[PDB]
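Given next, in structure tokens, is a single chain: the form solved without this ligand.
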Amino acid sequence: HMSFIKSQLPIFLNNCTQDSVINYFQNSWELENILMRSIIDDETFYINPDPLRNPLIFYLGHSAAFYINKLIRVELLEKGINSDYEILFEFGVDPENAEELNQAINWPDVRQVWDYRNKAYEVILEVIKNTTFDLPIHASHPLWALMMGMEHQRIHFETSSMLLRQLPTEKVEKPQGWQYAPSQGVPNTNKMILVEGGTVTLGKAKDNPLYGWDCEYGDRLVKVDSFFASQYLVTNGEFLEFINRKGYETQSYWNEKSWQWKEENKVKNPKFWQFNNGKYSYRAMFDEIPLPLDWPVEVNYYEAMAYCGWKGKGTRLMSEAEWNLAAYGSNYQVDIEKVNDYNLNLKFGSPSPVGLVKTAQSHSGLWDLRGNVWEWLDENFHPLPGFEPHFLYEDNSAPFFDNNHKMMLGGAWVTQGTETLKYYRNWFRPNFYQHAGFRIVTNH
């Protein structure tokens, strides 16, 4: 599995020494550099390959400016590097339509943004070397702003990889050591497993010794009834059957809003499939390859539900509490080394065959609940009891408690940092594409 490109595991706040944080910060930054350096021509940075996201030049500068802005806010920095750039690159976008984004969106030169990145790197490195790391770090400690910036950089490694995937292959260059998972051919039978009901506690305590975003915190007990879930995420080969049974052409599997999305975008298959010469090819990060039939299918929420509609019989997606019960049970002390047991943290540079990582079966019997691809949940993004916005970033999650965003959990092959662990709560508009799939659920 992928070894040459290595991502350092997250660190407990009780062990966030200066030396360990230097290593984690250096690793977070060098990883993003490797991804951004995969674009061959500078002119490509002014394309926005995802029509619902900013041009690539924005994301080249956004991670660096985020660090600077948060460090200034806690007064660990007395001035920025470029106040215009810190405004321009301050916050991203989350539009419902490409027309909204186009109306909203003069960009600087690529070389100028790279120079800003390099200056910002040296400025943060000097802050780290000149600040006392009095253990333990915590949410009211000034260094929380640094913990925030590193996790924000690592999330944008994930979200930018999806933008580069939407560029033509001729515009990107695979980094040395990038390795896709193998494919074993057709997948095994995807059996439904009974998950025994139980009570779960959602949320994270304020004094938990791990960095977290504001929406992670709170406390909610939820009694979860028993339910059936497929042992594997739905595979490309399973979704091919859906296509061959006219899944995209039957309104009864969709609803008015999702059908409208499909029609307006002329969708006939998942985004990274392409039909040519009788067969589907598949677009990995940098190459088009024969469709890996045993990999989890990558779809948006509309497509996942349309598949559930074709299955019928009340087939549905899990709730947040059901996923937590299946993944972590009713008990919990996080063990960071367990990240190595799943397709997380660049173990592979792609999704893997369901069940290939033999250490990736949860105690519930379900495979790749953690890792491989994010999995969609029928759960509107919402706060847990006790939620409180952090003063450093009050708009992080509160604007998205709008019943217009569905959640996803578990992490993907590209996921790094604290986002690979138990408490991270992820959310997207249901039409949006991520490294995300789904499994199916029935009550009986």
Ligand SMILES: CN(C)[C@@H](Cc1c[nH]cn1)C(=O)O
The other form holds:
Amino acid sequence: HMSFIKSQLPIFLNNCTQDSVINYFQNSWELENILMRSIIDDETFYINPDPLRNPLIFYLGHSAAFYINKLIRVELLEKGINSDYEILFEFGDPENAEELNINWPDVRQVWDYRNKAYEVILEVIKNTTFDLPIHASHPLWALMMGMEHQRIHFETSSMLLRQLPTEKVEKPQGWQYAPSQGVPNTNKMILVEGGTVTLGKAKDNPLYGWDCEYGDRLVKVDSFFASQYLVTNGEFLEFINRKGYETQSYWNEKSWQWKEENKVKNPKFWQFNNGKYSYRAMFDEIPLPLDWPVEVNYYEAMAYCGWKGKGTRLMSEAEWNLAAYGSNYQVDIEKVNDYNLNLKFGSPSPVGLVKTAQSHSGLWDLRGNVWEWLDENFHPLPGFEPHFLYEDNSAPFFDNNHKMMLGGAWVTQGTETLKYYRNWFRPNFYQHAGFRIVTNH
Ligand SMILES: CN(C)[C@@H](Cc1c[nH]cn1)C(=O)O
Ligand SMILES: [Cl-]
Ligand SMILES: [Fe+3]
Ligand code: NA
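Can you switch from the form solved without this ligand and show the form solved in complex with this ligand instead?
After this comes the whole thing, all chains and molecules, with the earlier chain placed first.
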């Protein structure tokens, strides 16, 4: 599996020494540099490959600016590097390309700002006492935030690069896709015994987390059936061949309108040619990996559920937590090595290939491989409180227009690989995300 490109595991707040944080910081930055350096021509930075997101030049400077602004806010920095850039590269969620649709700086100028910002932050780390443990009311929380924010944008930007033509990107040395064993095994429904789970994260938990992660909610989860694997490309191919995209009964009025307006006939990263479907990995087009989890948005996942019928649905946040972590929990960061997470592979993996990736529930790849959609409107947990460093992180998206996803993907790094991270997206948006199907009986 992908070894030459290595991502350092997250660190508990009680072990965030200066040395370890220096290493984690350097790894966070170098990884984004590798991805950004995969764009061959600088003119390509002014393309917005995703019609719902900004140009790539924005994301070149966004992670660096975020560091500086948060450090300034906690007064670990007395001044920034470029106030204009710190404004331009700050504001990052439209429902249409029209809504989404400024004079951007040159590519060299943004790289220069990145380089200056890196050295500035490194000096802050080398000249600040790391009095253990770090915590939410500690100024260094701003640094923890920036490093996790940079790693999140490694993922979001990977999606942008995937939407660029293959001829405009260059695969980094060591990038390695998972294998394909061909046709997938049978996807059996597994009974997940009912139980009670506690959602949320305590304020004194020794791990960095975003505001929406914190709170406390007990939820009694009734037993339910779930597919042992995420729905595979092969399984979704059947849905297509049975006219899944052409039968309104499987969709709803909102989802059908999306599909028609975007003239969708297949998942975003499939392409039909010569009687066969090709599939777009990060940097190359390859024969469709039939045993990999299918990558779809929420509308498409629900259309598949509609074709399956019989009340087929998606899990709730509580249902996923029960299946993944049970009713018990002390996080063991080393367990991230047991799942397709943290760049073990540079791609999705065949369901069940990572033999260490079966949860005690019997379900495979609940953690890792690809994010999995949930029928759960993004919402606060009892006890939620915005953090002064980033009050608009999650609160504006408690609007019943965002569905959640959990577990992490092959590209996911940092604290986002662990139990408490809560993810969300508009249901039409594409990520490294798939789904599994659920029935109550
Ligand atoms: C979690 N996710 C929906 C955010 C993560 C993020 C990026 N920058 C700030 N928050 C986004 O992609 O907008
Ligand atoms: Cl764990
Ligand atoms: Fe951001
Ligand atoms: Na998953």
